[PDB]
Amino acid sequence: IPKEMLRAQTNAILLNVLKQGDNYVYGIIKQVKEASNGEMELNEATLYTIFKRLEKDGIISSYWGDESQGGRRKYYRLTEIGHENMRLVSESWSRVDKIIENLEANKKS
Amino acid sequence: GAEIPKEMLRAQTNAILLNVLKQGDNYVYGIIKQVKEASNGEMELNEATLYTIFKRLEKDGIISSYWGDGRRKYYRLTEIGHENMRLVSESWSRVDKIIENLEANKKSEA
Ligand SMILES: [Cu+2]
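Top to bottom, those sequences are chains A and B. Just so we're aligned, residue 4 is where the first sequence starts under the deposited numbering, counting upward by one. Residue numbers for the second sequence, in the deposited numbering: 1 to 69, 74 to 114.
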């Protein structure tokens, strides 16, 4: 596997996590670890790079709030633009799946 | 804005092209025609773009090329290419279950 497909898959995952509601970097990593039965351990540095780009693109926004130990935490939200990006990304992967399915079928024929 | 980033599209193009070669050795004009048909005309691949992609995949040992029986130049997935496609498809299925599990845990919390 090359960086690009892993990175593409991570991006798809992060958008689907943020779709569910506001979140923070360490909480996202925890949830993805749990949803992967412990196998996918995303690195916070990867999220920082991704979230920087998405914030610039207008796909996510952020705000500050409290956290439990008494400090301050940056929270992230999928914007309206970001919800459309999420839909297009999901649509695009489904179109790619269909192209390959059709390739395999036109072959058998 | 909201449109699909070019990095993700490049990943989708590579995935399509490697699946075309997994299905059988092929030449550039034939790959373009088959992808055009399989996408019902919505994906017309550019020959120069394929050469960029094929140059890197050959450098990485994922594909190779050879002459057919004007001879056409055929491209083939290498033995390493076939393995890397097995790995790629495995993660694809795993990512989909992870998203399903995230969705499923979301519904439970509600
Ligand atoms: Cu998916």
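Calculated directly from the structure, the hints in this document are not laboratory data. For every residue, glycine included, the Cβ atom is placed at its ideal position computed from N, Cα and C. Check before you lean on any hint, since a few could be wrong.
[Claimed, not checked] Listed next, with one range per pair, are the computed distances between beta-carbon atoms:
id: 1; chain 1: B; residue 1: 59; chain 2: A; residue 2: 27; range: 51 to 57 Å
id: 2; chain 1: B; residue 1: 37; chain 2: A; residue 2: 75; range: 51 to 57 Å
id: 3; chain 1: A; residue 1: 46; chain 2: B; residue 2: 109; range: 17 to 23 Å
id: 4; chain 1: A; residue 1: 104; chain 2: B; residue 2: 112; range: 30 to 36 Å
[Unchecked claim] A few chain A positions that, by computed beta-carbon distances, are all more than 10 Å from chain B:
id: 5; residue: 5
id: 6; residue: 10
id: 7; residue: 14
id: 8; residue: 30
id: 9; residue: 37
id: 10; residue: 46
id: 11; residue: 55
id: 12; residue: 73
id: 13; residue: 96
id: 14; residue: 110
Hints violated by the structure (numbers, ascending) | Those not satisfied are hints 1, 5, 6, 7, 9, 13, 14.
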